[PDB]
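A selection of the complex's chains, in situ.
For clarity, chains are labelled A and B in written order, and residue numbers in each chain start from 1.
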Amino acid sequence: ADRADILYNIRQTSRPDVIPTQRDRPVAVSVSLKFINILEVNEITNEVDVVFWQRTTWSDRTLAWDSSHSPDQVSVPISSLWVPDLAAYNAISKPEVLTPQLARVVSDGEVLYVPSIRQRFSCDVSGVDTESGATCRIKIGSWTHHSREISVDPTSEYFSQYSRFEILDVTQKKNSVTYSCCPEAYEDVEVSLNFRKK
Amino acid sequence: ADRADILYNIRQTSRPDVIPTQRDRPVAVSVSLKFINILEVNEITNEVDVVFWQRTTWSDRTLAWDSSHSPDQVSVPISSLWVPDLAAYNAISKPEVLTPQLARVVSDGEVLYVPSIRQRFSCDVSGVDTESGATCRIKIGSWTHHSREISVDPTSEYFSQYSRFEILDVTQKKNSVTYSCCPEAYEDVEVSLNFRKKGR
């Protein structure tokens, strides 16, 4: 098989609107943010403008193929695949995707999507001009799929040396969101960005 | 039936351009705004820039399926469904949808759509820097469907603690709009946002 044959099988098999639930188990989505830049910080409005690479992985085993005598990975446009409907709950601008909208599909049915996103958040900016810094919390989860359909699991080298800001620490913790609006729970990742002005 | 089969049947049955009137009854659309952030307020121009979650529900009974041995809910792209043509009558910017454009369809034909919207309005901003605050009224109804085709019904834990502003009170009241030139009435929800700048 060549790349074309692997991509054709994926296009015939993949259902972009259908969550690939195995049995009645949630789809396990891994999310890991790598901060690249902090561009604009407003301590009065408590807003920050950041660039991050959102490493997103999950499994769709119907897409699997025998790669003993074939390429074991291909690039695929996301419009041909199911992709998790992730959103940042405290975003105040739409996510601006800076990179080509291609995913990698691995021969065992693993899918990998790593968009570069520039986006604006409402978060705690107090202490940014201090030694201890500000801690800005970013919450990322499925918008429409509760914990029984999608589970989200989190997993300095990447941060631009040319930022006015410096990263002290990034903490990524599993979490769940619930409102009076809904009987169900929505899993998220809580990303704590502890940073300060240089 | 699996999710694929439910979504396939929805695609065969759904007519995104056709209002799902049951008999000839108006489609009852429930709208409920949850305020998340107030970003920009101008007391001189009487403009506000807000983020809100617009919880929108209605029923389309042709989408119903037997969920005895199937999932009773799926996520569906709104481009596959009829969605009410709601507009904010005092908006001065296009609604910016910040979330994935997916609805939930229940096996009994109930549809739920909850976009996060950032939008700019023309409204009364006087008193925002006072203790009693400003009251900004937002009016949301069907643009093209009068009261015989679409009825609109309204129904702190959501608001960002990091806003410069705080919410004193939110009131959502049914209302109707009618102009002298035309005989038809357009139902809307009137959302009264009573808020102020935090003191400090």
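The criterion applied here is as follows: contacts are C-beta pairs under 8 Å (C-beta built on N, C-alpha and C of every residue); 3 or more make two chains touch, one makes a residue touch a chain.
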Here 2 chains sit in place, yet the whole complex recorded in the file consists of a number of copies equal to 5
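We take it that only the chains that are shown with their structure count from here on.
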What's the distance between the Cα centroids of chain A and chain B, rounded to whole Å? 27
The chain B residues in contact with chain A across the complex are 3-4, 7, 34, 36-37, 39, 51, 55, 75-77, 80, 96-100, 102-104, 114, 116, 118, 157-158, 160, 162-164
Touching residues of chain A toward chain B in the complex: what are they? 15, 17-19, 21, 44-47, 85-87, 90-94, 122-125, 143-145, 149, 179-181
